[PDB]
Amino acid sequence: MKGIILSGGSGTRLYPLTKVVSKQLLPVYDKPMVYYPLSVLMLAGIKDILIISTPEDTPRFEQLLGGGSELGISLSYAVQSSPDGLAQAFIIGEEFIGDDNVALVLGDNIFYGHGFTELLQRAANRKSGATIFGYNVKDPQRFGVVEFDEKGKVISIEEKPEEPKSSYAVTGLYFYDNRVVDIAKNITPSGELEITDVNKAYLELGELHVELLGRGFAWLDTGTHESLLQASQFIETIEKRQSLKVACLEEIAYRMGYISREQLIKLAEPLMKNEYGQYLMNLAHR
């Protein structure tokens, strides 16, 4: 399975922070925002990843992350000329995807919870159908909304429904089989090519599966100044009090066996006259 990070968009709501800096390059505590969704692809077991951003921002992401070899993965880059919908990721990413299954994660989404990687690995390993992730939010009408009623079997999915039919937002993380590329080509503007029609396609096939994230999963709003700060405080809090790191790419690569001890030490050194190395050195001499 391949992955795609859709990491473009306008800065507007975060202005002036985003006047000369890409949204998904802003700090979330101690890491660029894009580390977080990248880490979710990695934890899923996905090692071949395309990062799509604006023509302006895409060279900056390449500069940050390069081709991915120091994490033991492959990163490629393409450009979204204009933000005409999430489903465009599959048109732009058509050649990258090939015949493969593919996950899409949004560059501003932040996921956390103790059972989360098992959930990612399971979704990555379903060769058929689509898996989405629902999250109990206070303001359903601001997102995609999924209704189920079971048994947890999906019954409808509406984008920003004037009145909602559940408390469950459809978060910015989606797993697909290869049929998604023909599906994206075949949907029509709602002016956006919308991820919610992609998901309605799987639903009419009866092959749209939802993971409901309840106690105790986090999904962090990254949209406003206040919610960016909240996200940052959450990561710091959980890292400081529970002695773990969230989305530490180097740690994740090492723990999944992608890179060796010696490769990790090399990644940590240039970072030693700082903290972030130190946690990496502690880990590399187990």
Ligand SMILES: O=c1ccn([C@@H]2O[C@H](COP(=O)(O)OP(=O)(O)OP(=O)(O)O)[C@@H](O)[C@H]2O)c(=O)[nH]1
Second form
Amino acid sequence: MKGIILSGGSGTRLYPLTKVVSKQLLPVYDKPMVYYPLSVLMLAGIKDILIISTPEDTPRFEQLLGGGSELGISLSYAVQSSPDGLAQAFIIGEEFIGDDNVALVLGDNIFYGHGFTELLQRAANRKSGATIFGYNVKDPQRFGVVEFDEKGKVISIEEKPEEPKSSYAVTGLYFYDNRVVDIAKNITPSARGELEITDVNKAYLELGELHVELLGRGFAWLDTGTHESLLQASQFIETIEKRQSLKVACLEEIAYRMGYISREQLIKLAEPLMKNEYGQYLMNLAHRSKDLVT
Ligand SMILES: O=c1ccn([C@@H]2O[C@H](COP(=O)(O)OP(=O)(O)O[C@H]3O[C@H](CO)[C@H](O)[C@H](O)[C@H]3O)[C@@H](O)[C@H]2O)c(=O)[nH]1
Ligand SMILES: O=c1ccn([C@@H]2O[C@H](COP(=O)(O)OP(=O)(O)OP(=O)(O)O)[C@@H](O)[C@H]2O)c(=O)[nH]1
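Next, report the structure of the form deposited with uridine 5'-triphosphate (UTP) bound; the form deposited without uridine 5'-triphosphate (UTP) has already been given.
To see the whole picture, the full complex is given below, headed by that same chain.
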């Protein structure tokens, strides 16, 4: 499975934060926002990942993350010249996808909770259809809204409905089989002038092949849409990390835990960062007994 992080857009709502910085390089507490959705794909077992951003910002993501070899993965980059919609990811990414199945995650979405990896790995395992993730939000009209029956079968999906049919938003993580690329080429722009992921999902729903995993109330799903919500997301991650000996979305740690890189390789990453707490954390992990790490 391949993965794509869609990490463009103007971040209009966060102005002036986004005048000269990409929204997905802004902090969520202690790390750039993009580390969080990247860590999600990594934990899904996805090792071939394309990062899409603006003509100005794409070089900066590449400066941040590099080609992935440090992390035992492959990262590639592509430019979206104008933010013409989520579903344009599969058009830009057509050559990258090839014949493979693909997951899309939004560069501004933060998922957190116990058992998430197991849901991701199950979605990544599922060779046919589309899997989307529903979450009970306060204002479902702000999002895509998925309506499901008593067995969790999808009945409808609607982008920002005036009268929502459920309280479950469609979060910014989507798993598709290879049909998605041709689907994306055949949808047309909405009233807001975008190629809509909801219309990709509706194509799968027409075929009876849209599947929803519901993320229950024990999961946290944030987006970093506004100044307020961004600060809230930071506060949430700070609470979790302050209490624990473990970090969230520490990419090098995940590379090591997933066996993508060795203890020796992790030491080599930690060395030039020993001047800071992040390096120290990595070095403590690399020297930790292999039994304790398991
Ligand atoms: O062409 C684009 C369009 C958007 N984005 C980025 O993608 C993210 C999502 O965009 P919005 O915040 O505008 O979200 P939408 O209103 O497009 O909502 C979309 O994402 C939601 C989850 O956060 C729901 O899944 C919804 O159904 C889906 O349409 C933003 O960071 C945006 O900057 C791009 O990089 N390129
Ligand atoms: O090395 C890691 C592992 C996990 N995570 C993040 O921690 C959260 C929980 O990750 P899991 O989905 O592994 O659940 P958990 O660790 O609470 O449960 P155990 O299986 O360990 O008992 C998920 O949000 C995941 O993204 C990291 O950020 N880094």
